[PDB]
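Below you will find one chain, with nothing else, as C-alpha coordinates; this is the form deposited in one PDB entry, and questions on how it binds or moves follow later.
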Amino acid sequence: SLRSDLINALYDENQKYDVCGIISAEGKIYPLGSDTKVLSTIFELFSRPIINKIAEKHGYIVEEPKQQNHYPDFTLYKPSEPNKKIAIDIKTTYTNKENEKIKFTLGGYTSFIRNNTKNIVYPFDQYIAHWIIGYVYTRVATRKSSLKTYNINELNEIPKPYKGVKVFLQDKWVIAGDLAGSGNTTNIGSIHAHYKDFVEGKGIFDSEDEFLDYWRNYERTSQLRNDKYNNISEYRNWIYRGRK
(Lines of atoms letter the chains of each structure in order from A and count residues from 1; the text may use other names and numbers.)
(Lines give C-alpha, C1' and ligand atoms only; values in the text may rest on other atoms or scores of the structure.)
Protein backbone atom coordinates (compact mmCIF):
# COMPACT_ATOMS: atom_id res chain seq x y z
CA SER A 1 0.00 0.00 0.00
CA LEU A 2 1.03 3.67 -0.05
CA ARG A 3 1.81 3.36 3.67
CA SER A 4 3.87 0.14 3.47
CA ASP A 5 5.72 1.44 0.41
CA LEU A 6 6.48 4.77 2.06
CA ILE A 7 7.82 3.03 5.18
CA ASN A 8 10.11 0.73 3.15
CA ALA A 9 11.38 3.67 1.07
CA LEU A 10 12.13 5.78 4.17
CA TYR A 11 14.11 2.95 5.81
CA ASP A 12 16.04 2.28 2.63
CA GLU A 13 16.99 5.87 1.82
CA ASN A 14 17.98 6.60 5.43
CA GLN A 15 20.17 3.52 5.53
CA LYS A 16 21.93 4.32 2.24
CA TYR A 17 22.57 8.09 2.45
CA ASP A 18 24.11 10.39 5.05
CA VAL A 19 23.63 14.13 4.56
CA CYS A 20 26.83 16.09 5.22
CA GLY A 21 26.58 19.63 3.87
CA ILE A 22 24.87 22.25 1.77
CA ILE A 23 26.26 22.68 -1.73
CA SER A 24 26.44 25.70 -4.02
CA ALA A 25 25.99 25.50 -7.80
CA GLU A 26 29.68 26.43 -8.04
CA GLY A 27 30.67 23.21 -6.25
CA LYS A 28 31.61 24.67 -2.85
CA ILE A 29 30.33 22.69 0.17
CA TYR A 30 29.39 24.25 3.53
CA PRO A 31 29.31 21.83 6.52
CA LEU A 32 26.34 21.34 8.86
CA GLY A 33 25.69 22.31 12.47
CA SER A 34 24.68 19.73 15.13
CA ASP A 35 21.56 21.33 16.66
CA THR A 36 17.97 20.26 15.94
CA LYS A 37 17.30 23.67 14.38
CA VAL A 38 19.59 22.57 11.54
CA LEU A 39 18.74 18.85 11.43
CA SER A 40 14.97 19.27 11.58
CA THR A 41 15.22 21.33 8.37
CA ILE A 42 17.59 18.85 6.70
CA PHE A 43 15.49 15.73 7.48
CA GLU A 44 12.39 17.43 6.13
CA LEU A 45 14.19 18.21 2.81
CA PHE A 46 15.65 14.68 2.74
CA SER A 47 12.07 13.29 2.91
CA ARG A 48 10.37 15.37 0.15
CA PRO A 49 11.80 13.43 -2.83
CA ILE A 50 10.89 10.04 -1.29
CA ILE A 51 7.31 11.01 -0.41
CA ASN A 52 6.71 12.45 -3.87
CA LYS A 53 8.19 9.37 -5.58
CA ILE A 54 5.98 6.91 -3.69
CA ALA A 55 2.93 9.14 -3.91
CA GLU A 56 3.16 9.40 -7.70
CA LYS A 57 3.60 5.63 -7.94
CA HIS A 58 0.16 5.33 -6.28
CA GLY A 59 -1.64 8.05 -8.20
CA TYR A 60 -1.57 10.61 -5.40
CA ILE A 61 -1.03 14.33 -5.90
CA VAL A 62 1.33 15.92 -3.33
CA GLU A 63 0.70 19.46 -2.04
CA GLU A 64 2.72 21.70 0.29
CA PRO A 65 1.38 24.76 2.19
CA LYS A 66 1.21 28.19 0.50
CA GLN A 67 1.03 30.06 3.84
CA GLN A 68 4.19 29.21 5.76
CA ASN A 69 2.64 28.52 9.16
CA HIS A 70 0.04 26.00 7.88
CA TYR A 71 -0.25 22.26 8.56
CA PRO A 72 0.64 19.64 7.20
CA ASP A 73 4.04 19.42 5.48
CA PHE A 74 2.52 17.23 2.77
CA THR A 75 -1.10 16.70 1.77
CA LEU A 76 -1.69 13.60 -0.42
CA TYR A 77 -4.87 12.78 -2.35
CA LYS A 78 -6.29 11.20 -5.51
CA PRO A 79 -8.19 13.80 -7.59
CA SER A 80 -11.16 11.41 -7.64
CA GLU A 81 -11.30 11.12 -3.84
CA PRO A 82 -11.09 14.74 -2.58
CA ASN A 83 -12.37 13.85 0.91
CA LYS A 84 -9.92 11.04 1.56
CA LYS A 85 -6.83 13.23 2.04
CA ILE A 86 -3.77 12.03 3.93
CA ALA A 87 -1.70 14.42 6.06
CA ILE A 88 2.02 13.86 6.60
CA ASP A 89 4.04 15.94 9.06
CA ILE A 90 7.74 15.52 9.83
CA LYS A 91 9.07 15.84 13.40
CA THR A 92 12.64 15.65 14.69
CA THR A 93 14.24 15.22 18.12
CA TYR A 94 17.53 13.84 19.46
CA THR A 95 19.11 11.50 22.02
CA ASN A 96 22.54 11.45 23.62
CA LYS A 97 22.64 7.67 23.96
CA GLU A 98 20.86 5.31 21.57
CA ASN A 99 18.89 3.39 24.27
CA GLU A 100 17.18 6.40 25.94
CA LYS A 101 13.59 7.65 25.99
CA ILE A 102 12.52 10.37 23.55
CA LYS A 103 9.48 12.61 23.10
CA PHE A 104 8.33 14.92 20.28
CA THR A 105 6.33 18.15 20.04
CA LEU A 106 3.52 17.06 17.70
CA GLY A 107 1.83 20.30 16.72
CA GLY A 108 -0.61 22.70 18.29
CA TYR A 109 -3.75 21.68 20.13
CA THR A 110 -5.58 25.00 19.68
CA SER A 111 -5.62 25.34 15.89
CA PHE A 112 -7.28 23.01 13.33
CA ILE A 113 -8.31 20.33 15.85
CA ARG A 114 -10.53 22.98 17.50
CA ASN A 115 -11.24 25.09 14.43
CA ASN A 116 -11.86 23.12 11.22
CA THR A 117 -10.11 25.60 8.87
CA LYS A 118 -7.52 27.34 11.08
CA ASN A 119 -3.89 27.06 9.88
CA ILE A 120 -4.53 24.03 7.69
CA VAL A 121 -4.21 23.69 3.89
CA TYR A 122 -7.61 21.98 3.54
CA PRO A 123 -10.44 21.78 6.13
CA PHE A 124 -9.56 19.20 8.83
CA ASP A 125 -12.58 17.04 7.96
CA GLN A 126 -11.20 16.27 4.47
CA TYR A 127 -8.29 14.31 5.96
CA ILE A 128 -8.81 10.63 6.85
CA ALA A 129 -5.28 9.99 8.14
CA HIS A 130 -2.58 11.99 9.93
CA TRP A 131 0.86 10.42 9.76
CA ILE A 132 3.99 11.54 11.52
CA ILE A 133 7.41 10.72 10.03
CA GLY A 134 9.75 11.04 12.97
CA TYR A 135 13.52 11.30 12.89
CA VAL A 136 15.65 10.70 15.96
CA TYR A 137 19.36 11.40 15.67
CA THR A 138 22.09 10.79 18.22
CA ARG A 139 24.12 13.98 18.94
CA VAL A 140 27.90 13.98 18.42
CA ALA A 141 30.13 14.45 21.51
CA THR A 142 32.17 17.31 20.03
CA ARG A 143 30.43 20.66 20.65
CA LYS A 144 32.72 22.24 18.02
CA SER A 145 31.66 21.77 14.39
CA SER A 146 33.88 22.39 11.32
CA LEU A 147 34.25 26.07 10.43
CA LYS A 148 35.69 25.82 6.91
CA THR A 149 34.43 24.83 3.46
CA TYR A 150 35.08 21.83 1.24
CA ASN A 151 35.00 20.91 -2.42
CA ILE A 152 33.44 17.91 -4.18
CA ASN A 153 36.67 15.86 -3.85
CA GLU A 154 36.61 16.14 -0.06
CA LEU A 155 33.16 14.58 0.60
CA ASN A 156 34.62 11.78 2.74
CA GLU A 157 36.46 14.17 5.07
CA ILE A 158 33.39 16.22 6.04
CA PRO A 159 32.39 15.55 9.66
CA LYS A 160 28.73 14.50 10.06
CA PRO A 161 26.79 16.35 12.82
CA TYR A 162 25.14 13.15 14.12
CA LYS A 163 26.33 9.73 15.25
CA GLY A 164 23.28 7.92 13.90
CA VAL A 165 19.67 8.40 12.76
CA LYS A 166 16.46 6.39 13.09
CA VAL A 167 13.15 7.04 11.32
CA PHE A 168 9.57 5.76 11.74
CA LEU A 169 6.09 6.45 10.34
CA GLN A 170 3.09 6.27 12.63
CA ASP A 171 -0.40 7.69 13.06
CA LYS A 172 -0.37 10.86 15.15
CA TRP A 173 -3.10 9.76 17.57
CA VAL A 174 -1.25 6.54 18.39
CA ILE A 175 1.95 8.27 19.57
CA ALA A 176 0.21 11.23 21.22
CA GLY A 177 0.65 11.60 24.98
CA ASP A 178 -1.37 13.37 27.65
CA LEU A 179 1.05 16.14 28.66
CA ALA A 180 1.60 19.32 26.63
CA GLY A 181 4.87 19.36 24.66
CA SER A 182 5.38 23.15 24.93
CA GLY A 183 3.96 26.00 26.99
CA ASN A 184 3.60 29.33 25.18
CA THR A 185 3.33 27.55 21.80
CA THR A 186 0.64 25.11 23.06
CA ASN A 187 1.87 21.89 21.46
CA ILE A 188 0.64 18.34 21.94
CA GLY A 189 3.37 16.25 23.56
CA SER A 190 4.04 12.69 22.33
CA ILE A 191 4.46 9.71 24.64
CA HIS A 192 7.80 9.71 26.48
CA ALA A 193 9.04 6.29 25.37
CA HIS A 194 11.72 4.28 23.54
CA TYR A 195 12.01 4.28 19.74
CA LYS A 196 10.56 0.74 19.54
CA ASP A 197 7.33 1.91 21.17
CA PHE A 198 6.79 4.54 18.45
CA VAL A 199 7.36 2.01 15.68
CA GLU A 200 5.10 -0.62 17.29
CA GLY A 201 2.67 2.07 18.38
CA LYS A 202 2.28 1.42 22.08
CA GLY A 203 0.39 4.59 22.96
CA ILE A 204 -1.96 5.65 25.76
CA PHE A 205 -5.19 6.61 23.98
CA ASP A 206 -7.91 3.99 23.28
CA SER A 207 -8.88 5.52 19.96
CA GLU A 208 -8.37 8.51 17.72
CA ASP A 209 -11.72 9.83 18.96
CA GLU A 210 -10.41 9.79 22.54
CA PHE A 211 -7.16 11.48 21.46
CA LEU A 212 -9.13 14.29 19.78
CA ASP A 213 -11.59 14.80 22.62
CA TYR A 214 -8.77 14.92 25.18
CA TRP A 215 -6.82 17.60 23.24
CA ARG A 216 -9.86 19.65 22.20
CA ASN A 217 -10.66 20.11 25.91
CA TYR A 218 -7.18 20.37 27.41
CA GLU A 219 -6.65 23.72 29.22
CA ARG A 220 -3.58 25.95 28.61
CA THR A 221 -2.35 26.49 32.19
CA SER A 222 -2.14 24.07 35.12
CA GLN A 223 -4.32 26.52 37.07
CA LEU A 224 -7.24 25.92 34.68
CA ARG A 225 -6.34 22.25 34.30
CA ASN A 226 -6.51 21.43 38.01
CA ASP A 227 -10.29 21.79 37.90
CA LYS A 228 -10.64 19.66 34.76
CA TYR A 229 -7.83 17.16 34.09
CA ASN A 230 -4.03 17.03 33.83
CA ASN A 231 -3.65 13.50 32.44
CA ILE A 232 -5.49 10.54 30.87
CA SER A 233 -6.69 9.13 34.26
CA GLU A 234 -8.20 12.44 35.28
CA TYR A 235 -9.68 12.87 31.82
CA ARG A 236 -11.56 9.56 32.13
CA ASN A 237 -12.80 10.53 35.59
CA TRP A 238 -13.93 13.86 34.06
CA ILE A 239 -15.98 11.90 31.47
CA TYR A 240 -17.58 9.85 34.29
CA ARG A 241 -18.43 13.10 36.12
CA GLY A 242 -20.48 14.27 33.15
CA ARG A 243 -17.82 16.53 31.60
CA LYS A 244 -17.90 19.05 34.45
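Numbering follows the first chain given and starts at 1. Residues that one form lacks are left out of the comparison. Rigid core: the largest C-alpha set superposing within 1.5 Å between the two forms. First, how it differs from the form deposited in another entry.
- After superposition on the rigid core, the C-alpha displacement between the two forms reaches 2 Å or more for just one residue among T117, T138, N151, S145, namely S145.
- After superposition on the rigid core, displacement of the C-alpha of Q15 between the two forms amounts to 2 Å or more.
- Against the superposed rigid core, the consecutive-residue runs (3 or more long) showing CA movement of at least 2 Å between the two forms span 14-17, 141-145.
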Contents of the next structure:
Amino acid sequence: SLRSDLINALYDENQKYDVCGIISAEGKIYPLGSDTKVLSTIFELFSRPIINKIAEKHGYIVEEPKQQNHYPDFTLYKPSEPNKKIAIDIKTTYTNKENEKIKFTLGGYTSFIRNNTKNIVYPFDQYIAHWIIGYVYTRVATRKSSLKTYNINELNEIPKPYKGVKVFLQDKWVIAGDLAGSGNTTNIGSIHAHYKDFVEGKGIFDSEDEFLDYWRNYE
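For comparison with the form deposited in one PDB entry, provide the form deposited in another entry.
Since only the chain itself is given, any partners or molecules it might have are not part of what comes next.
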Protein backbone atom coordinates (compact mmCIF):
# COMPACT_ATOMS: atom_id res chain seq x y z
CA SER A 1 0.00 0.00 0.00
CA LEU A 2 0.89 3.67 -0.30
CA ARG A 3 1.66 4.04 3.39
CA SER A 4 3.38 0.66 3.59
CA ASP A 5 5.49 1.41 0.54
CA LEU A 6 6.42 4.94 1.62
CA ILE A 7 7.62 3.93 5.06
CA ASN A 8 9.66 1.21 3.34
CA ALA A 9 11.08 3.51 0.67
CA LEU A 10 12.17 5.94 3.36
CA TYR A 11 14.03 3.16 5.17
CA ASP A 12 16.02 2.51 2.02
CA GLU A 13 16.89 6.25 1.72
CA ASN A 14 17.85 6.89 -1.93
CA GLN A 15 21.12 5.29 -3.06
CA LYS A 16 22.12 5.67 0.58
CA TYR A 17 21.91 7.82 3.65
CA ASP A 18 25.12 9.73 3.63
CA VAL A 19 24.36 13.29 2.57
CA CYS A 20 27.63 15.17 2.90
CA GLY A 21 27.03 18.59 1.35
CA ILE A 22 25.51 20.97 -1.17
CA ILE A 23 27.01 20.82 -4.64
CA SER A 24 27.25 23.54 -7.26
CA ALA A 25 26.69 23.18 -11.00
CA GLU A 26 30.36 24.08 -11.21
CA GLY A 27 31.15 20.83 -9.46
CA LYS A 28 32.27 22.47 -6.19
CA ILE A 29 31.02 21.10 -2.83
CA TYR A 30 30.33 22.63 0.58
CA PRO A 31 30.00 20.72 3.92
CA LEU A 32 27.06 20.70 6.30
CA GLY A 33 26.58 22.17 9.75
CA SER A 34 25.54 20.32 12.89
CA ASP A 35 22.60 22.48 14.03
CA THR A 36 19.07 21.17 13.42
CA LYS A 37 18.19 24.23 11.34
CA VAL A 38 20.63 22.77 8.84
CA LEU A 39 19.67 19.08 8.89
CA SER A 40 16.01 19.92 9.12
CA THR A 41 16.07 21.42 5.61
CA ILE A 42 18.32 18.65 4.36
CA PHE A 43 16.04 15.83 5.56
CA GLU A 44 13.02 17.63 4.13
CA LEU A 45 14.83 17.92 0.77
CA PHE A 46 16.04 14.35 1.09
CA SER A 47 12.48 13.14 1.30
CA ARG A 48 11.03 15.03 -1.68
CA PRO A 49 12.05 12.56 -4.44
CA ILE A 50 11.22 9.43 -2.42
CA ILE A 51 7.69 10.62 -1.67
CA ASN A 52 6.91 11.81 -5.18
CA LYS A 53 8.06 8.39 -6.39
CA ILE A 54 5.87 6.20 -4.15
CA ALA A 55 2.92 8.56 -4.64
CA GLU A 56 3.38 8.36 -8.41
CA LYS A 57 3.52 4.53 -8.22
CA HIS A 58 0.16 4.60 -6.44
CA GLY A 59 -1.58 7.00 -8.83
CA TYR A 60 -1.33 9.95 -6.44
CA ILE A 61 -0.76 13.61 -7.21
CA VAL A 62 1.60 15.58 -4.92
CA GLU A 63 1.17 19.29 -4.10
CA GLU A 64 3.65 21.39 -2.11
CA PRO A 65 2.67 24.85 -0.75
CA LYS A 66 2.79 27.69 -3.25
CA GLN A 67 3.00 30.37 -0.57
CA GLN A 68 5.58 29.85 2.18
CA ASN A 69 4.47 29.29 5.81
CA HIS A 70 1.65 26.98 4.72
CA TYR A 71 0.92 23.44 5.89
CA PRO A 72 1.67 20.77 4.98
CA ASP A 73 4.84 19.96 3.06
CA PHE A 74 3.15 17.44 0.80
CA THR A 75 -0.49 16.92 -0.10
CA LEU A 76 -1.35 13.59 -1.75
CA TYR A 77 -4.78 13.52 -3.40
CA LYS A 78 -6.23 11.58 -6.33
CA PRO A 79 -7.94 13.08 -9.43
CA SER A 80 -11.15 11.19 -8.68
CA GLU A 81 -11.07 11.75 -4.89
CA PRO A 82 -10.66 15.52 -4.32
CA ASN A 83 -12.24 14.76 -0.96
CA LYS A 84 -9.72 12.43 0.72
CA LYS A 85 -6.45 14.36 0.68
CA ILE A 86 -3.37 13.05 2.49
CA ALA A 87 -0.92 15.36 4.30
CA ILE A 88 2.72 14.60 5.04
CA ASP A 89 4.92 16.82 7.19
CA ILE A 90 8.61 16.31 7.88
CA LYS A 91 9.65 16.83 11.50
CA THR A 92 13.20 16.45 12.76
CA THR A 93 14.85 16.56 16.17
CA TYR A 94 18.33 15.91 17.54
CA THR A 95 19.89 13.86 20.30
CA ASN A 96 23.11 14.44 22.27
CA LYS A 97 23.46 10.76 23.12
CA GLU A 98 22.24 7.56 21.46
CA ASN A 99 18.78 5.97 21.77
CA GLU A 100 17.39 8.39 24.37
CA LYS A 101 14.11 10.24 24.93
CA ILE A 102 13.23 12.45 22.00
CA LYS A 103 10.34 14.74 21.22
CA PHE A 104 9.01 16.54 18.15
CA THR A 105 6.95 19.69 17.56
CA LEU A 106 3.92 18.77 15.50
CA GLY A 107 2.70 22.14 14.35
CA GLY A 108 0.69 24.90 15.95
CA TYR A 109 -2.70 24.23 17.47
CA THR A 110 -4.20 27.63 16.74
CA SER A 111 -4.05 27.42 12.96
CA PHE A 112 -5.90 25.06 10.62
CA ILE A 113 -7.06 22.77 13.43
CA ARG A 114 -9.02 25.74 14.71
CA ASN A 115 -9.66 27.67 11.52
CA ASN A 116 -10.51 25.35 8.65
CA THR A 117 -8.43 27.38 6.19
CA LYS A 118 -5.83 29.16 8.30
CA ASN A 119 -2.26 28.53 7.07
CA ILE A 120 -3.00 25.49 4.98
CA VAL A 121 -2.79 24.54 1.31
CA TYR A 122 -6.18 22.87 1.22
CA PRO A 123 -9.20 23.16 3.58
CA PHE A 124 -8.57 20.98 6.65
CA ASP A 125 -11.81 18.99 6.11
CA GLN A 126 -10.52 17.80 2.76
CA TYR A 127 -7.87 15.71 4.57
CA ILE A 128 -8.56 12.26 6.01
CA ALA A 129 -4.96 11.61 7.07
CA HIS A 130 -2.01 13.50 8.49
CA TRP A 131 1.26 11.56 8.27
CA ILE A 132 4.33 12.74 10.11
CA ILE A 133 7.75 11.74 8.83
CA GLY A 134 10.01 12.14 11.84
CA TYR A 135 13.81 12.18 11.63
CA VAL A 136 16.13 11.74 14.59
CA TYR A 137 19.88 12.21 14.47
CA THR A 138 22.79 12.35 16.87
CA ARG A 139 24.61 15.69 16.94
CA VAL A 140 28.29 15.83 16.06
CA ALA A 141 30.95 18.53 16.50
CA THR A 142 31.61 20.46 13.27
CA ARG A 143 35.28 19.63 12.65
CA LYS A 144 37.61 22.21 11.09
CA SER A 145 37.50 19.98 8.01
CA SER A 146 33.91 21.13 7.62
CA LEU A 147 35.10 24.64 6.81
CA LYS A 148 36.64 23.95 3.41
CA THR A 149 35.36 23.20 -0.10
CA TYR A 150 35.75 19.80 -1.78
CA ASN A 151 35.72 18.48 -5.36
CA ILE A 152 33.61 15.58 -6.62
CA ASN A 153 36.66 13.31 -6.27
CA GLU A 154 36.44 13.52 -2.47
CA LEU A 155 32.78 12.92 -1.51
CA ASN A 156 33.92 10.10 0.76
CA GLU A 157 36.29 12.51 2.49
CA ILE A 158 33.68 15.11 3.36
CA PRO A 159 33.04 14.69 7.12
CA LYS A 160 29.42 14.24 8.26
CA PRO A 161 27.82 16.39 10.98
CA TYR A 162 25.54 13.58 12.19
CA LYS A 163 25.60 9.91 13.21
CA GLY A 164 22.71 7.54 13.94
CA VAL A 165 19.99 8.84 11.62
CA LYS A 166 16.61 7.20 12.24
CA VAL A 167 13.35 7.83 10.39
CA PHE A 168 9.69 6.90 10.86
CA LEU A 169 6.24 7.48 9.43
CA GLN A 170 3.31 7.91 11.80
CA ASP A 171 -0.10 9.57 12.17
CA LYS A 172 0.01 12.93 13.92
CA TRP A 173 -2.68 12.13 16.53
CA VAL A 174 -1.07 8.81 17.31
CA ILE A 175 2.23 10.33 18.47
CA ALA A 176 0.98 13.58 19.93
CA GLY A 177 1.32 14.45 23.61
CA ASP A 178 -0.69 16.63 26.02
CA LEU A 179 2.01 19.23 26.45
CA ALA A 180 2.80 22.10 24.09
CA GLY A 181 6.00 21.95 22.06
CA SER A 182 6.61 25.68 22.16
CA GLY A 183 5.31 28.79 23.84
CA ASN A 184 5.25 31.97 21.79
CA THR A 185 4.72 29.81 18.69
CA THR A 186 1.90 27.76 20.24
CA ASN A 187 3.04 24.37 18.97
CA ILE A 188 1.57 20.94 19.59
CA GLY A 189 4.00 18.71 21.44
CA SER A 190 4.43 14.98 20.82
CA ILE A 191 5.14 12.28 23.36
CA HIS A 192 8.48 12.33 25.23
CA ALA A 193 9.59 8.77 24.42
CA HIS A 194 12.15 6.61 22.58
CA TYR A 195 12.38 6.29 18.78
CA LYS A 196 10.68 2.86 19.08
CA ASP A 197 7.68 4.35 20.87
CA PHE A 198 6.99 6.55 17.79
CA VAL A 199 7.42 3.72 15.34
CA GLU A 200 5.06 1.60 17.44
CA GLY A 201 2.50 4.26 18.28
CA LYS A 202 2.52 4.25 22.08
CA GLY A 203 0.77 7.59 22.54
CA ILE A 204 -1.78 9.04 24.93
CA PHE A 205 -4.76 9.76 22.72
CA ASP A 206 -6.97 6.76 21.89
CA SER A 207 -8.43 8.43 18.79
CA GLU A 208 -8.25 11.34 16.37
CA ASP A 209 -11.29 13.07 17.88
CA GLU A 210 -9.75 12.92 21.32
CA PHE A 211 -6.55 14.52 19.98
CA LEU A 212 -8.32 17.28 18.05
CA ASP A 213 -10.72 17.86 20.90
CA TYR A 214 -7.78 18.25 23.32
CA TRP A 215 -5.72 20.66 21.24
CA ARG A 216 -8.66 22.73 20.02
CA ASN A 217 -9.32 23.49 23.69
CA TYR A 218 -5.72 23.76 24.85
CA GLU A 219 -5.24 27.02 26.76
